[PDB]
Amino acid sequence: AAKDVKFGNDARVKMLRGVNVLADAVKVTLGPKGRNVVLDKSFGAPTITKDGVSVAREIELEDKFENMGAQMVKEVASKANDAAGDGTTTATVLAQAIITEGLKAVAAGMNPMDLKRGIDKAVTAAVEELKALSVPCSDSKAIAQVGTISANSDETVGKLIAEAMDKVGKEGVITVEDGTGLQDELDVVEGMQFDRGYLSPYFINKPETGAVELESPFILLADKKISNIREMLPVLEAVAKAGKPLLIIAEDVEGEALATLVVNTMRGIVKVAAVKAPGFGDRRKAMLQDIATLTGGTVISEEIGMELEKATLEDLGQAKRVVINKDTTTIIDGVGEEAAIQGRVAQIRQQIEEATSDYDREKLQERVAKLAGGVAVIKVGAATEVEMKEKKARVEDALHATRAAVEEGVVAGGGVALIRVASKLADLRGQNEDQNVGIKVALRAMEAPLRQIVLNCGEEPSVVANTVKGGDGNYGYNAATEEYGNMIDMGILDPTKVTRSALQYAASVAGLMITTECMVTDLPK
Amino acid sequence: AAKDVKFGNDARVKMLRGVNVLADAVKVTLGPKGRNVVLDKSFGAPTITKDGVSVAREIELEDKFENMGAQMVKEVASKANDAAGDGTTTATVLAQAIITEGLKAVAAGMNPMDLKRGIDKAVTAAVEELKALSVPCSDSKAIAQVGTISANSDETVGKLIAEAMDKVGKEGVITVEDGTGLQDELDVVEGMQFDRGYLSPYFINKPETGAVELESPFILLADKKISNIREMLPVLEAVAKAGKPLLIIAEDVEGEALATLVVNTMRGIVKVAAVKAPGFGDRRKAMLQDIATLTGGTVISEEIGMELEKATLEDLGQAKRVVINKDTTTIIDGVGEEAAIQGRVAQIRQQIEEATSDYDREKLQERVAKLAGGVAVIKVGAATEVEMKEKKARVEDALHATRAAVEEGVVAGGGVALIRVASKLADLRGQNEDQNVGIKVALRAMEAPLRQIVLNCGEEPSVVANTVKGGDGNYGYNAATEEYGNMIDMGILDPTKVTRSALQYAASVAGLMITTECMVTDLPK
Amino acid sequence: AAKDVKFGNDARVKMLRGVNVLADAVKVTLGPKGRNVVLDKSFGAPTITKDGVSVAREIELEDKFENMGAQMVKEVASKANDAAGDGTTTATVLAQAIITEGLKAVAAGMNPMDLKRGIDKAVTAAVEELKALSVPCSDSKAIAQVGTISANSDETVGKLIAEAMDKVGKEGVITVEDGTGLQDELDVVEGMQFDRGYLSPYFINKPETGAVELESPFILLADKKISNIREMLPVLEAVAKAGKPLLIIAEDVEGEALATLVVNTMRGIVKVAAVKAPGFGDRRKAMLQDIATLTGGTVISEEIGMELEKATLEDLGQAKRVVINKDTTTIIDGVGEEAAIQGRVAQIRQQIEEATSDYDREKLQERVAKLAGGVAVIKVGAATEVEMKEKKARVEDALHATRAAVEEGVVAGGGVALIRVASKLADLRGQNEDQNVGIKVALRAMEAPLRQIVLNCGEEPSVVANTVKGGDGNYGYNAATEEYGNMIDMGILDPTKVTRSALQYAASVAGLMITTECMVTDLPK
Ligand SMILES: Nc1ncnc2c1ncn2[C@@H]1O[C@H](COP(=O)(O)OP(=O)(O)O)[C@@H](O)[C@H]1O
Ligand SMILES: Nc1ncnc2c1ncn2[C@@H]1O[C@H](COP(=O)(O)OP(=O)(O)O)[C@@H](O)[C@H]1O
Ligand SMILES: Nc1ncnc2c1ncn2[C@@H]1O[C@H](COP(=O)(O)OP(=O)(O)O)[C@@H](O)[C@H]1O
Ligand SMILES: [K+]
Ligand SMILES: [K+]
Ligand SMILES: [K+]
Ligand SMILES: [Mg+2]
Ligand SMILES: [Mg+2]
Ligand SMILES: [Mg+2]
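Residue numbers (the working numbering), protein chains in the order written: chain A, 9 to 533; chain B, 9 to 533; chain C, 9 to 533.
Since the hints were derived computationally from the structure, they do not count as laboratory data. Among the hints, a few may not be true.
Chain copies aren't distinguished; within one or between two, either way the pair holds.
Straight line, CA to CA, 35 Å or less: simulated DSBU-like cross-link-like pairs of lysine-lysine [as the list claims (entries may be wrong)]:
1. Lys399 - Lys232
2. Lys233 - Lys397
3. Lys233 - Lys167
4. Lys477 - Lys72
5. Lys400 - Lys318
6. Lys112 - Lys328
7. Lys399 - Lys233
8. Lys82 - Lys397
9. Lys11 - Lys41
10. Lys232 - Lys387
11. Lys82 - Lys72
12. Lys387 - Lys41
13. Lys41 - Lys252
Construct the complete structure from the given sequences, taking the supplied hints into account.
Here is the structure:
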């Protein structure tokens, strides 16, 4: 189709007007007291909301260029949120500020590549300083406060997350499902999680999750290197006869076996998800034995001398749910008899007092954690199905945020540590003075988040910024209570990973667009 | 339909504006550091890319004339890439420069035929000087670096190509297929390749390949000159009963046999692809015997005294794939028993120590290479299907580039040998001073590739050109590291054939446009 | 439908603008070095061509009057080409020149009929002088050069035509069909050709040919005056039972016979094509006997005493193809046994040494030529089906041109003999001075073809014309090599009939439309 082609600033101002309008609409919702926005409905009384994601979903511009600039900004904010979990409106504010400044600098006739270099290395140095500032978010209080701020001040969600992880542990998995009545319920069910996932994304029947999700499956358990589908065909027929999804745990699947597995799956014959055998060596065989006991399955290992041709439904493990991540797989409610699982746990424990090696110490700790802690299952109790989905979404958002905080730490929330680092990295410079200017652009733009928080709360952005500058460390300004103090004390915990990802993706999009010189779109007809 | 007819400069400016806009959009991606271009998408997030091919795929103009001029330019760049393998954006820059200069010179009231003569003979002289500069690209390092630059800096692809060709050899074939897991695997399978292809393009069921591709076929092997389909009909029925594709390897197929073969193929009765018997004389019979052993087939030769009427499925050779090029056919995974193929290889080897003639020396070297080296089969391991296709297409592009470099050599990359030759052929002149002007046009425009590379990298085109002019030979400027040195050293290898084809097709299109005086299009309604 | 009606110059200027635009687009392709024209296509890559036929296929005008004027011009150029075989662009140049001159003369208030008279008698005198200049094109060299220039410099086509006619002869037919592989093959097959064709065009199932073409037909062979369908009804049923086309060769078919034959054919019962019996008298019966032997048929004559009711499929002749021209019929690959045909040939030869009369001498020469020379069948081998059709069209055009040159001779090509006659018939005058002006118009426009040839080659039209005028006879200017010399020697042969027909049809159209005073078209809505 005939195309409208733009070059340089022609496209750039076109992008930037849409970006700025998008963020002008979004940033009013930043902070605990974001400004009201009435998303118009097709019918009836429209919906009033106060979060950046809600409005960002409801935006389209007649100007195709402004619209697509908004589309890239929304895309990059989504990229951040995937690696952040919150700060979505904060990510939008950062994106607008850095994008607008970078486009204005590009229009100033100065080097775009140097802008990108300065911005990127400044972001790397800021990530390093945040990691230095990153204190480990491990305590149940900090986890509760992370689930609080992530779910827009919901303490109970983070508190229950901390309880579930304490009950089950990291070697297990916490899963969220539909609640029965109106109250959530947590169950430490018989499951496990090992750090081996699907060998091919072709097996993913739930592409949104990035993990194969099978309900009440048959679980083949192989401690062996597999090369041919001829050995596997009777098992495929057996599983297809009962109409259950199929999960393979093998030491290796190679060549024709995997090829015909892919062929049979794309034909829809069998729902097959094949993963690596956890660990290596004898530990792998023992862990397969734990799986076999928990799911009522059996280990198919050549050391037994038994072949895969004669593998049947009882031989294959049975669970109620399995989730096969990229390099991780978890079993939820293994159908295998629970007292048998207890006997296997006692077997692993007697193996524990037989071993003494610290490597073996931690490996057996992991095994007993997987088998006994099982899987945390959360059933969200809510009244209306719309509130059911709302609450569940809050729950997984807080869960992802708590994982990010555990793995990256939490800095003081409210945007005050940003002011701290601005007081710190005010001296950062690049190889070219253009890189210096990009660094200073970043320093300016990165105080904007707190500024917009205070603005939407109805108070003074820059005055709060200056007063925080007067302080140091966690000294800052609760924009909800609007009080100066230690943000950690009043529970405003923004994880290191959240702001880190938001800033990194904002830098990525700003640099990429700074280096953009032409574009092609469709004609406005 | 009523037509918009243009004459002379009326059509010419129409063409040239589209050409110039096309290249203005394309050339920003030239070099290792091409400029960002956001191709728009029909929905959601558009596509950010940095290569001229992708953007060339996404361009259409409302102006019919500018659009259609850009269509010829895209076509001619494709013609170059077919005979080049890369330099696509380089070919686009060359095409714009030469075409624009030639159109301006035509508009200058000056002889177009002389322009074409000057441009063409200058391009021929430049091809001669490039061949003089063409150093043989035969070593694994140079092949790896060709696969690197062709795939936009991908060393591993060229390195694996060098390994595969060392394992299999020239007399075999390297084939790329879908991988099973996430890592590629290379197999030296039992196949072969001889330099005889289809006698009629009608047999090509894969017109894009220019080669008949048959999967698990029946392979008739005839050492005889066929003339009638009456002898062939029982074989056709036998092959059609089993539903396999059919590949004839005959000394000759003539008259009624070929006619009714074409008729039956048009009716879709049998998938028949007939090829010449490799070589001539007794060597041909020996090679048919090698094929018969490798594919489990039999040689149908009149010297045995047996007739073709009694040819059946077991008699016909069996492979897993066959690819019949224009004058070349390769067999991939011959179903014939492998130890039998080994016995045949030992037979050819004992024939080797029976012979002593150098002609026979090399013929038997070729035979043993074909039979033992077989076919290299590469299964590209990738996660997502989109990245699967991306990686595979990179692989075949680098493969075509490596073949071109082997058959033509590599000159120093980055556009520095172009500056060398400009310093060299600055004295080239034509019979008419118009031909001289065309030659000087070529000399000017041919430094533009490096200029645009340095421009897109963000640095000075003409200053780099001058500094290279100060140097000689492989002295030049890495536009990625942006350093002056020997462009051969850091792997910047542009094959002789790539730039040769790009320049030749640019000259062809420029001369054709220079000689064009009128054109007819549809009315713009 | 409501009509736009134009009178006199109102229509005439409308006509002339379309004619002039058509020729302005076409004439750039005249000569061996015609200018490039890029026919813009609906999709993909447009088509670059250099011949007037291709561009003439690609023209339509929004102006209804100009469009339909160009439609008459294209029609008359087709009329010329049918009676010429080439000079299509030459005919277009002549048509534009004469029409434009005729219209500027009519607009001068001067007699149109006198213009017509002058033009027509000038064309007749020029035809007479061309025939005087016409040297017989009979040798294989001249035939090869005719097939060369006709196919735009293709020597091999004319050379193979000369070989085929030497092998088969005038009394046979040279047929061109699809080749099997990639090379053509010539076969002197058992056929014949006699100078009697269909008695009714109703029999023509191939109206484009003007000849009934029957594939593998049943050939009734009669030596009798037929009057009734009753005798043929059993034969019609016999032929319809086997589903073959039917060819009658009878001394005469009259009245109800032919009428109900037409009825049965229009009902589609039988594919009947009835022709005259060749010659008259006993020679006719003997020639029917030759047919009966060659096609395996039988002669149905009353001298035998046998009746037509009992005529069956074996009695009817069998061939593989028959082509029934207006007054000529040829048989290609008579199914009749070949050694039987040889016995019949020996029979005719012994008849030869029994006869002595020169009339009988040449009649028997013709008979033996028909029976032994048979039919030349050319199977054009080519790679692509598009190139197959291209080559077939080239071959048939060269064949028609060679026939025209054999029957009319060749004058020196390149347009130099036109300049010769302009030196010669400069003195031609008409009865009225208006007729004189028309004659001078013809003289002026007659040098225009060479002028346009030299123009498209990029050189001086009028200077070449003057230098040729300085010479005489075959002295002229090769516009490809651009050299002064003998056109006959350097292979540039333009047949007398080609230019004769082009000029005659140009004169016809010019005179007709000059005498046009009004016309009617549809309204432009
Ligand atoms: N008491 C508080 N004082 C100051 N800032 C807060 C407080 N509670 C939450 N915030 C910050 O305000 C933001 C709420 O904005 P919100 O509309 O949720 O956008 P996002 O979804 O991007 O976080 C959070 O990112 C959080 O860091
Ligand atoms: N390190 C380098 N220094 C200078 N030039 C390079 C370097 N690496 C690659 N190139 C050149 O840059 C070009 C990459 O441009 P690209 O967008 O791939 O266009 P194309 O597809 O036409 O090659 C290659 O043709 C290559 O010759
Ligand atoms: N070597 C030559 N020198 C001069 N004239 C030539 C030569 N070869 C061919 N011609 C003439 O040029 C014409 C080619 O024009 P072409 O595009 O084929 O138009 P047309 O199809 O009407 O002939 C021929 O008619 C032929 O008479
Ligand atoms: K909020
Ligand atoms: K590139
Ligand atoms: K021509
Ligand atoms: Mg929030
Ligand atoms: Mg490239
Ligand atoms: Mg011609």
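Task: In rising order, the numbers of the hints this structure does not comply with - done: As far as the earlier hints go, 4, 5, 6, 13 are violated by this structure, in ascending order.
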